[PDB]
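Here the structure of chain J is known, so what remains is to put chain I in place on it, guided by the hints.
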Amino acid sequence: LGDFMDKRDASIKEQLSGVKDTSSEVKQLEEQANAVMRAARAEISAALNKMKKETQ
Amino acid sequence: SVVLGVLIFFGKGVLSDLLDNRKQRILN
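Residue numbers (the authors' numbering), protein chains in the order written: chain J, 112 to 167; chain I, 35 to 62.
Wrong hints could be hidden among the right ones.
Dumping the calculated DSBU-like pairs for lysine-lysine here, alpha-carbon to alpha-carbon at most 30 Å [to be verified]:
#1 J:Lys118 <-> I:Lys46
#2 I:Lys57 <-> I:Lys46
#3 I:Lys57 <-> J:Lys131
Pulled from the structure, derived: some chain J residues nowhere near chain I, Cβ distances all over 10 Å [as the list claims (entries may be wrong)]:
#4 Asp120
#5 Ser128
#6 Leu159
Read the hints as simulated data drawn from the structure, not as lab findings. Every residue, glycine too, gets a C-beta built ideally from N, C-alpha and C.
The following block holds chain J by itself, in its conformation from the complex:
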């Protein structure tokens, strides 16, 4: 029963581990979300501007 309890404790550990691992995936994913958005915004401003620059 203590080994059953040992399974239970490792289970709660792994459950909160799954919480935080989903969180790590989400942290990189939202880091990626902001990267594509802001990097896209920067390259787009830069691109239409350089278009404007050389064509001007």
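Frame of chain J; chain I shown alone:
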């Protein structure tokens, strides 16, 4: 005697209450 009656009552209260908090932690 019934010292142990009232005592087993409140003491298993504290004991199983603490273990109730332990399994409650396993849940929460």
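Cross-check of the supplied hints:
1. Taking the CA atoms of J:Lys118 and I:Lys46, the gap is about 25 Å. The hint holds against a cut of 30 Å.
2. Restraint check for I:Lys57 and I:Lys46: the C-alpha separation of about 16 Å stays at or below 30 Å, so the hint holds.
3. Note on I:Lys57 and J:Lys131: the hinted pairing holds, with a Cα-Cα distance of about 21 Å set against a maximum of 30 Å.
4. Consistency note on J:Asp120: stated as away from chain I, yet its beta-carbon is not over 10 Å from all of that chain's, at 7 Å minimum.
5. Non-interface call for J:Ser128 relative to chain I: holds, since the shortest CB-CB distance, roughly 14 Å, exceeds 10 Å.
6. Every C-beta of chain I lies more than 10 Å from that of J:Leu159, the closest at about 53 Å, which supports listing it as non-interface.
Checked against the numbered hints given earlier, this structure breaks only hint 4.
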